[PDB]
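There are 2 protein chains.
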Amino acid sequence: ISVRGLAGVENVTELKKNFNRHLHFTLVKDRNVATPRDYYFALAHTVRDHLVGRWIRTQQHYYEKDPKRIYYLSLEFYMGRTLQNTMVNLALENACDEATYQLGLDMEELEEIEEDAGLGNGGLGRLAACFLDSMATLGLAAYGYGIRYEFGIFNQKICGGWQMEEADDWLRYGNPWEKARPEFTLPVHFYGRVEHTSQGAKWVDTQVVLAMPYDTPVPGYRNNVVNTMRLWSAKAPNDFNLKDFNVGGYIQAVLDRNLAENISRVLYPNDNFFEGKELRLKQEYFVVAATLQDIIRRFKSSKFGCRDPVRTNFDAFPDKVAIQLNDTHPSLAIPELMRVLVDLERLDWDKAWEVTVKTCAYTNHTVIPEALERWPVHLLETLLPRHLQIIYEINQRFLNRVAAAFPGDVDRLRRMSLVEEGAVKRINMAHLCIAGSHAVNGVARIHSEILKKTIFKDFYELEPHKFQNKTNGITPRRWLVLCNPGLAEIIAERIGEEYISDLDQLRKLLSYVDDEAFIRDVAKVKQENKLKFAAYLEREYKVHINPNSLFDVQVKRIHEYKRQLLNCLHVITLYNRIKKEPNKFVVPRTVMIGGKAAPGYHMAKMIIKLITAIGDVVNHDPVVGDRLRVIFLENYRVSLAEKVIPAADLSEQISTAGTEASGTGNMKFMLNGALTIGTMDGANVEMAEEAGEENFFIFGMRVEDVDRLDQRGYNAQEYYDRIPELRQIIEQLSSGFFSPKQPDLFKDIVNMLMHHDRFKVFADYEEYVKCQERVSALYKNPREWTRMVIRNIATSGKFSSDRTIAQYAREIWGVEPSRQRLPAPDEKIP
Amino acid sequence: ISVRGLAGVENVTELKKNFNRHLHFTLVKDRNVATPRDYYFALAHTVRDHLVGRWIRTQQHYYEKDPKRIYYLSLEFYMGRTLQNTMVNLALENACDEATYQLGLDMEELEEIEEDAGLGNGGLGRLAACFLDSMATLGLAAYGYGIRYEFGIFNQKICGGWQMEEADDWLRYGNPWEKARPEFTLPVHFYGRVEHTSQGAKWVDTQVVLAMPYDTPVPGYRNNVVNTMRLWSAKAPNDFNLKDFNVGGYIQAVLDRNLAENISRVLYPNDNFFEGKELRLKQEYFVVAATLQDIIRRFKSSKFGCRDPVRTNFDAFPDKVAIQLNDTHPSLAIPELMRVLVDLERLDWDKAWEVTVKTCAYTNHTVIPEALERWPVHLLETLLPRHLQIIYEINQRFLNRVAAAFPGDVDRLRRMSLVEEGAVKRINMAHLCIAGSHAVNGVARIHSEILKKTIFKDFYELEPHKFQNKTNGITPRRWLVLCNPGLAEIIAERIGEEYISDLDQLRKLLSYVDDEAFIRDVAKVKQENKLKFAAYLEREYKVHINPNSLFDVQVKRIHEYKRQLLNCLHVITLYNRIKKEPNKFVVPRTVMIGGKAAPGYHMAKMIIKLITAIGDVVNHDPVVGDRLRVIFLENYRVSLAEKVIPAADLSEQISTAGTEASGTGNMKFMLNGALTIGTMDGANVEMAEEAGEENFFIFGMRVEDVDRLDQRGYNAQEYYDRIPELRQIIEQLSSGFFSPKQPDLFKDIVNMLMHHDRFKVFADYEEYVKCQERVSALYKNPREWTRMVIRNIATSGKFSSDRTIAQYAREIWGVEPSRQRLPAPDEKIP
Ligand SMILES: O=c1[nH]cnc2c1ncn2[C@@H]1O[C@H](COP(=O)(O)O)[C@@H](O)[C@H]1O
Ligand SMILES: O=c1[nH]cnc2c1ncn2[C@@H]1O[C@H](COP(=O)(O)O)[C@@H](O)[C@H]1O
Ligand SMILES: OC[C@H]1O[C@H](O)[C@H](O)[C@@H](O)[C@@H]1O
Ligand SMILES: OC[C@H]1O[C@H](O)[C@H](O)[C@@H](O)[C@@H]1O
Ligand SMILES: O=[P-]([O-])[O-]
Ligand SMILES: O=[P-]([O-])[O-]
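In order, the protein sequence lines correspond to chains A and B.
Each number in the numbering used here corresponds to the 1-based position in the first sequence with 25 added.
Each number in the numbering used here corresponds to the 1-based position in the second sequence with 25 added.
Careful: at least some of the hints might be erroneous.
All copies of an identical chain are treated as equivalent in the list; a pair is satisfied when it fits inside any one copy or across any two copies.
Said to hold, decoys possible - Calculated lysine-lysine pairs in the BS3-like style (CA-CA distance at most 27 angstroms, straight line):
(1) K567 to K482
(2) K853 to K328
(3) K268 to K204
(4) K609 to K93
(5) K482 to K268
(6) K268 to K609
(7) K604 to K93
(8) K630 to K268
(9) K383 to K604
(10) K853 to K41
(11) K805 to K668
(12) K482 to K42
(13) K204 to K42
(14) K227 to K383
(15) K766 to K549
(16) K302 to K383
(17) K477 to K41
(18) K609 to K482
(19) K383 to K766
(20) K853 to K42
(21) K605 to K325
(22) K478 to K204
(23) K491 to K307
Keep in mind that the hints were calculated from the coordinates and are not lab data.
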């Protein structure tokens, strides 16, 4: 059937009876009233059963051996569905497929019932998920720590072409994967005040909110390692949230508990944008405070909680603990770690600081100013009074280090300050993370250089040893074996299966680049994938597309820097050229654009309306026929990504050079047989460098060209004046050609494009359409297109998150990866 | 070990492996980190497994045979713990005891870990629970319908002698018994307006809240019948509660969902008191609306949803459906049933009314005015506009019936109106229930007569056939076999086990009233029970009591009509007599008073403080020694009741004649070996009548004496003037003898007692202490006391809820009870 594992005789029979056990005892249903949802749950519980045994020994193991622990703190974990992925990592896919078949059910139909775990916005959240999978696969004693939002990223609905947001009630039917652990509930404090008494400061009169943990298993690829993802939930104490007496109402007091519990209610839907709301800061301290207590408790047991030097010596803390900060969201971990060590454990400042710097590491994800976290001091002052004091003290001693290094450089002092003066005083969380971490990394080579050359230049001059790079990656399990079994099978037919955990081996595929059978096969799976997607489209969304056309897809969050608008300009150009010479041949294309816009991002929402507006005109023009369709992919999310990427021919990674930190969608497309048209931005540079620029469609300004243009001054009128095709398009938008009933509907877009384009869309227009003509030319030559595809696939090995994690481990965490199978799952009950 | 069933070889081995399965696969723990709480859950899941098989066939059975369905609507279901009770009804107690023992665990220690299901206030809620158990045991196709409050009756804490309320987070650790059924979620409407168009009225522009059901199994006693208790939970729709667009905030919209969900958040802690709050009315319509849709859906399938006359003829609705209204809380079921039939199904008013009257029956629980539900019309007008219209129309046609029956009687017309004029117009929910039900019953013979003679006199004259009586009862399973196995065993040693489901057989115990061995045994279990309670006291609450003394206990909600104050007066009298003649012998007594006060009931909270105040003085008087202790039983609830009742010698049922509808605690004491000192109130009359007044300690005014006194006019000064002992006590309270630091602390109690005692405490004082002297005299004669006890126990059979349910069934519901074992639980998978 494929190498989805063995469909053993004993195991298929075992699966079936367990499926029935659960349907009866766990779901309390009888075959006669069972719906597909019940069947999905019976299977999920059956599958979950296979990894609890491994989960328990894995954790018991780490307790016995006591290795260095890796704690990955992130406010986002974009997980997606977990049934198939669990089957894949346990080599259960074929057995379950067989078993459910014999039970008279379609496994694929049941998989579609599982709700996505959308506790993420985009790139950053998905990175955390891929990292978790790789850390388990590389056998590291790692823990994912975050917030269990009861409402994830909103579900996007398109009404009259506009995006409508609706609550993502993903827990509505239950989550069979998590395990509530109410017995490890921890208290978290807010507000209060600071008392300075005799031997130390005291955080007093605080409001207590409880953090209840939920553990979800994270299985490594076929190695019997099951790590843990602990997600905290907010709970109100039953005392003060009722006991602070003297009138108000007993009923109201109980109803008011949903005020402390709102902390974990919903995920903020902002991607690369900072919103200084109090609820957000509360979520940030909430995940940090609870997680650190858990980390320290585990450390206090280790082997020190037995003997060792005997004396809770935190000198070995850094040798047993490593906490990675996914962006500055968990930045409070730095002053909080200081607070505990100093205020509670009573260590001296300098010893505490040495420990904190040695255990914390920070990862930066963007260079745009509006994405930077700068928290108003008055907020920190009211909510976390002692942390503000600690931050001021950290700033004081840091700046003294600067003044000592650069005597007299008074401007450098203010530039580097963690405290920003002005309208309102703010705290620069990034400056905080650089100062309190022993490593700061970028997510792609060029982004990492930009950090040293620009944004964190002063910091780099002060401590060059801190700055590193760790190019992002994706997990080949979910992003290849899971979403594209057809491609994984033919690759395996030639080079084996070892590449699933050693992607570098894909290079061996280079020797089949002239193999007639392989070229036929690679091309066949892509055709099969496109047919399946074209079908899903009519099934669930309804209104036909042509599977013979080129599948041009751009899927990612809607942003001005991602330039979906530049894509739009090209689509309209193709339309206008067809209307000019109708009977002239052009390569057919289905251009699919999908992504979510933050609810408050007006421009982004205006762009989604433009996309749909173009499709209204283009898709109903009889002269155009089937040569060009514009489709907007609704509710783009992880599970939808697993469907479109394997069916894409052209991947669009066209952000303005210097704005996209790295990107990971680009890597997903490269590994699944799509050719890339993009700018020399983020990881695009490394991809092109790996596959060879000849097998890549690069266009537009390089970072240097952008800077030259800024020195000069960007004037969009110039481009409007010298390019008639561009001019024609702008006058089409301005006159209501795409919005008949509301002729001035797109005035904000035109106005912006001409007068405030921060991302110079026009400057790359000519080179973009010129470059698009070249891919059309190559698509007309099936054999050469496919041969270039093989060149990309065969060279994508470097972009596996296993390579990324192995580097973090060695160069930052100080631990050695291991592909050693844990001693089976075998029963055992001590 | 006892007749807690057989500890079979095969079944004890089976239990143990299943215990381990769950501990591993379900709780995901390993023996090395398992705590008693985990062990309790492993057992609970194991026990729950044994009744799912039965649960599924029971429901499948009712679907096949299609009998008349009994729907018990109540806003309260005072369930308590369910582990032991499930073991008892499945004959699993000894097997589980053995199994856990072999596993090295104490079952009793694990049972104490289960949290109580306190979805009730007192008498009314507990009645519903006992009824459920009996309906299952009598094999009726009955369904309990209510609200799944996430916070039940508050946990009571005593601080400095005052009651402190604290949220009852009973779901904190999970509920292994319930089964969420998100697939049967139903919509409920609120607000909106009424449109009158061409062919009918339309309830329009409403706010939708979703009702999600949760099913808990209700097992009959050893008959393999497992009925269902469906509890609704409020959920916000993900559309409008987000989709009603045009600014406000995306985050706020999601956070605001906890406004529709507040409907099922907490139970109102009022016992026999009406609070006209909007949240309450919303809970009331919420349980009613969701339940009726469920009832009709089930009816639409039956055998009509196949053929029959063919034409949804609701003429047979009353022949297949019976809905019992537990008080007027679910009274909206009447106008709601009308709304559906008329507005949706389009039946004519008169046919709809005939159907509604024929399927609804109402049970009244009290005669005090402040406990009556009179909802302000402006509330109904805004929240349920169409129901108000229906109610007005019901009133119109009802009153026309009255005028036709009593021509010219204009005052009778206003007295009987469902609409009350005055300050604000209100709707009398009780008048509504009488008019729309074919049966109205009281809960005790005297209470039922009082309803006909007083409160509902006019209604009785109009339709005498509607008024019935159904004396309350308690379930002998939880209230005998579960809480007092020692007593159940010795009874069984003599007359067998058949009495557990046929309490009448306890009469055979009369022939052992002179049996020397039995008297020794009855007395022995009571001594064993008192010793165990005296121990629990020091274990969990700490500060000694004497097990040789008389256990004088009064446990029930704190009320002015229950007269805990009269008890207090007696306690202080005993104290003063001892201080007068210290070296004189008196029978030692431990008087225990327990119960909860509604948070807003100031007087009730003042009484709890008085009780504790008396204990502060009495319990520390060296001259008193061990002859008198005053203890306040903290957090009285179901599980605590199972502990005190079996250990009580004297039961206090001293409410003012005519105020206690029935009472059930009195029956629990009688069946467990306690003698009763009380007034001729509620069921006390029937109990005394059954055991013989010679074996009962009756005192005080009878209903007639109370009325005579009211004609005359109650003047407490008179009693204060002629009784020196009483006078001494009042001057003790007035001068701060019981409150040194705050001498005027109890001024409200004294003031009330002397000037506004609605329950004439003083009028019964003399006869109460006189009567108390008589029980002390009899307690001095162990053999005669025990012989009287045997006379009570042997005569308590009539107070089983099995007798009560059999009468409801035959005389109201029109169904025949059956003690037929359902065809085993045996596997099966169709
Ligand atoms: O005190 C202990 N004794 C024995 N095993 C322990 C102890 N603490 C942790 N463990 C084991 O380590 C796993 C890790 O627990 P955690 O990391 O503290 O959540 C547990 O599930 C146990 O198998
Ligand atoms: O349409 C039906 N076909 C077969 N069995 C049914 C059907 N509806 C109800 N049942 C059975 O009756 C039980 C009662 O369902 P309910 O009373 O509607 O909640 C179900 O769990 C099934 O065993
Ligand atoms: O680092 C993970 C991702 O974080 C953010 O979403 C960046 O915009 C993206 O470029 C990067 O790939
Ligand atoms: O009917 C059940 C119970 O309802 C109420 O709690 C009444 O006060 C009580 O007398 C009665 O026994
Ligand atoms: O993270 P990028 O692929 O939008
Ligand atoms: O219901 P009663 O025993 O307080």
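Hint-by-hint comparison with the structure:
no.: 1; hint: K567 to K482; in the structure: neither (52 angstroms within a copy, 67 angstroms between copies)
no.: 2; hint: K853 to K328; in the structure: within (24 angstroms within a copy, 53 angstroms between copies)
no.: 3; hint: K268 to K204; in the structure: neither (30 angstroms within a copy, 32 angstroms between copies)
no.: 4; hint: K609 to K93; in the structure: neither (66 angstroms within a copy, 76 angstroms between copies)
no.: 5; hint: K482 to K268; in the structure: neither (53 angstroms within a copy, 46 angstroms between copies)
no.: 6; hint: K268 to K609; in the structure: neither (80 angstroms within a copy, 46 angstroms between copies)
no.: 7; hint: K604 to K93; in the structure: neither (65 angstroms within a copy, 72 angstroms between copies)
no.: 8; hint: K630 to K268; in the structure: between (46 angstroms within a copy, 16 angstroms between copies)
no.: 9; hint: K383 to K604; in the structure: neither (64 angstroms within a copy, 74 angstroms between copies)
no.: 10; hint: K853 to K41; in the structure: both (23 angstroms within a copy, 16 angstroms between copies)
no.: 11; hint: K805 to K668; in the structure: within (25 angstroms within a copy, 86 angstroms between copies)
no.: 12; hint: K482 to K42; in the structure: neither (63 angstroms within a copy, 64 angstroms between copies)
no.: 13; hint: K204 to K42; in the structure: both (24 angstroms within a copy, 22 angstroms between copies)
no.: 14; hint: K227 to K383; in the structure: within (26 angstroms within a copy, 70 angstroms between copies)
no.: 15; hint: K766 to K549; in the structure: neither (45 angstroms within a copy, 93 angstroms between copies)
no.: 16; hint: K302 to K383; in the structure: neither (31 angstroms within a copy, 58 angstroms between copies)
no.: 17; hint: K477 to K41; in the structure: neither (58 angstroms within a copy, 64 angstroms between copies)
no.: 18; hint: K609 to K482; in the structure: neither (54 angstroms within a copy, 95 angstroms between copies)
no.: 19; hint: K383 to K766; in the structure: neither (62 angstroms within a copy, 59 angstroms between copies)
no.: 20; hint: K853 to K42; in the structure: both (22 angstroms within a copy, 13 angstroms between copies)
no.: 21; hint: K605 to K325; in the structure: neither (75 angstroms within a copy, 63 angstroms between copies)
no.: 22; hint: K478 to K204; in the structure: neither (46 angstroms within a copy, 60 angstroms between copies)
no.: 23; hint: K491 to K307; in the structure: neither (29 angstroms within a copy, 60 angstroms between copies)
Of the hints listed earlier, those the structure fails to meet are numbers 1, 3, 4, 5, 6, 7, 9, 12, 15, 16, 17, 18, 19, 21, 22 and 23, in rising order.
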